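Below you'll find only one chain, the form deposited in one PDB entry, shown as structure tokens.
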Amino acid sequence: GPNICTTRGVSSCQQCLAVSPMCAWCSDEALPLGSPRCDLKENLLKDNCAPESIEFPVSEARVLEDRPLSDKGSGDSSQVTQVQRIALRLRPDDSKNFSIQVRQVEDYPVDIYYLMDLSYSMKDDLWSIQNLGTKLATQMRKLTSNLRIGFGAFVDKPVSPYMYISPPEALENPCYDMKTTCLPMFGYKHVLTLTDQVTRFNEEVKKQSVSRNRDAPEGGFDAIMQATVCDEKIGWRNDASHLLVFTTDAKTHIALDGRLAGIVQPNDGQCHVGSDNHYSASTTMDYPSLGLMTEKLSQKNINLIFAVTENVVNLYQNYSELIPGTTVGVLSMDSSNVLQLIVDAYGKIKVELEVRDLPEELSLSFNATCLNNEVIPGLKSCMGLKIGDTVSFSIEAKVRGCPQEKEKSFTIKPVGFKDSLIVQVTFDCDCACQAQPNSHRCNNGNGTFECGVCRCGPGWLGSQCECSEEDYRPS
């Protein structure tokens, strides 16, 4: 049947605009007699209404800034871009659609924490762990630019079975009974917080020296637990991938070993590193079990790596099989074996869209064009991509009513990509012929033709001043 524009008896361009964004008004004086003023544009054109005299230029959106996205993360001579900017024009209750894409150009953030065994058995392995630490910092910088690296040390619990306490001298020099010198023993001490100053890391790593204890197994798992749960002391970044490198040449103590030393309290799995950077609960809490370590590692999203000597590679390979996701490498003069594991972790390292400053009366809808050009309706995120991958999204926008403000803007915001999809919005809710009382369209004048009603003066009433109060009898 006939459309809404005509069936509603629209009387003015204002009402025609208000009825629906699809309706159009013909302002041409040449319109044929009887033809409706408010109608679909094609019907007005069929009635020979001049195209420029029709009050409906179609809504449109177009670019505002469209710099192409970058292709390399080095930023040789300018800041990289990964998102571009558009402007929008709307009629009342109007809607439009568009699309955009984003790309992962910059290098992923990575954190490496290095745990050094400083037992006396490591004296002849000391260069290897110093060498390995140096090449971890150096080789990682050739994979990602924003690395963060730190390190810490462990020996074992400083208590009677493991610690030398026999002569008073032994406390200050654990190597007394050998008539040589070494450092006092410690449970676990945090030395260097995660930082990008690789040169500082190298200097601090090369000035470490071994302590001494009694029994072959060491308290390394106490250090792994504390490095995992003391995030603010260690400085793990919430967005970076976390790698923990663990070094030793002997087997390791596990839960229920502390019973020999009189320690029965289970490992709490909480931070106990103070201002002196030493594990303060070393002598009062038992070693952690494999189950507890796996819980905290997964909870904090840390990938543990073992860099151990040949004689204990099988022992830690079995441990790794019980801690999902961890790997084992051989510690030796040639450190290439463990470096490959860091390369592997980086080789297996995600976007979502937020909206900010949206208008009070404007709405949106989203759809995703994920990898392999697959299209998912309603989604605003895409996972699984790597560096260099590009993904796209499509957006539909709509307004209800029309604000009195001529222009306003909002933006969309991907997570962590530093870029903003600022969109400008303009409203064209007016008629050209409405720019400029006593209209002849009313009954013999006596009225103002605005808003579709004459608003008659004294002595007249009605839509077009067609009645007078003395003739407009109540009956």
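Between two forms, the rigid core is the largest collection of C-alphas that superpose within 1.5 Å. Positions refer to the first chain, counted from 1. What changes on going to the form deposited in another entry:
- Just a single entry of 412, 38, 425, 49 exceeds or equals a 2 Å CA shift between the two forms, which is 49 (rigid core superposed).
- Once the cores line up, the CA of residue 195 ends up less than 2 angstroms apart between the two forms.
- Annotation: Cα of residue 269 displaced by less than 2 Å between the two forms, core superposition.
- In the core-superposed comparison between the two forms, residue 372 has its Cα shifted by less than 2 Å.
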The other form holds:
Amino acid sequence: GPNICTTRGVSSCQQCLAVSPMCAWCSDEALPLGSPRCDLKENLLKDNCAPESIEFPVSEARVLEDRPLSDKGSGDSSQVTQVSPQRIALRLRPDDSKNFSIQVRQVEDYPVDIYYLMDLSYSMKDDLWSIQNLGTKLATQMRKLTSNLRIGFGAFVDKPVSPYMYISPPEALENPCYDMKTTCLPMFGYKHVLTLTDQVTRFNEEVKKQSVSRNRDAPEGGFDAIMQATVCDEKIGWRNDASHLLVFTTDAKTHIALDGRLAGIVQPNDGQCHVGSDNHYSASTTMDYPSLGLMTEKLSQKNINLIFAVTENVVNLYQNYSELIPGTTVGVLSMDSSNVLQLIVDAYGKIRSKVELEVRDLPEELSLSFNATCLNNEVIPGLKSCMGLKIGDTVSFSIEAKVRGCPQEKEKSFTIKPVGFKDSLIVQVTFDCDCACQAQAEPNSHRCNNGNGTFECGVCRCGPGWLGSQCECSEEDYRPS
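For comparison with the form deposited in one PDB entry, provide the form deposited in another entry.
No partner chains or extra molecules come along with it, only the chain itself.
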């Protein structure tokens, strides 16, 4: 006495199997008369139906291929595998489904971008060697901690206007060291030198190929350079996924907002990318310095970490400045750069990932229910995310499938992909709603009652006036015998 396999007036194998997985059709003609051919599965196997006369199809998922999730960071045969299993097959009984688990483990090293800002004021002539050594060792160090490192650099002196500039002698515009009868490069506001690139040797050569300039006042215009390196995306070449670091080098005080009024610059800093096609800050002489608030706002907006690499005599000063720019560290710039390299090492150690699944090629005929077992074995049904993933951390997701009835196509597929990760899990989907017994169909041929029907699964689909088990009776005929 099945709840729905007989109460629904079940009389055909196709609809008997399509109504619900719990319903199955006993096909053999040898079945003695009794309970319908679609009795409850639990008792239908014994309700006069032989074991070989009935099939109990059940949905299942098969993991054809799988791989250990690249525990260590060494090279692999083809490449590291982040998500397992790799592919699974899923034969789904109409309106049937079950659970399958997918585990993710970050193995790939993080992408990092570093932009090095070099103070080319004349006061730095003795500190130029330290700047170059630090610039080289930044790459030499980070390359040994990751592999997606991109590096670049620019420079700054001060706003090219009076009273900062050396304009007095007509021939000092090309050599502010005219007074000392030496040669120094013409002064500039801010110039972007090398874009973020993986060619470490080119960056080293360009950094070591630098020279100092000279202005008048001790405070420099480093904040303009910081703002321009922050707000200019295409020019600097910031990546949307890498961790952004902005190292800043100096050895003296810094100009702040409203310092430009002395030079006739009263327009507040716009906070927009103003580097033209010549890689120079074209609004240096008409826009004031940026306030600390704007600098912090723009740094946060673009997830740029700011590190001060300053000399001893000013460290305290900039240390205090860090308190007003949360998320920034300070390190002494000297011949021994280990102190300032520890800051970058710690910053890299602070990196964390994100995990989010995807559903790409699923049709509307199928759906998934997600249950995330995140770090610490914390189970939380109803999400597809996980935070705070280091290298080698593991999370998992148990997914319960669901299919509406019997889809219109026999074969399909869908790929589940973690966000950002190139790897994915491909799922092949098939459906077996059709009756295997119906392969022995016989329309209007022998059997039944002189034809007048279609023998499919022990019952003949008789025509009008022939309704019956084998068309031996009519729709409205009764036997008084």
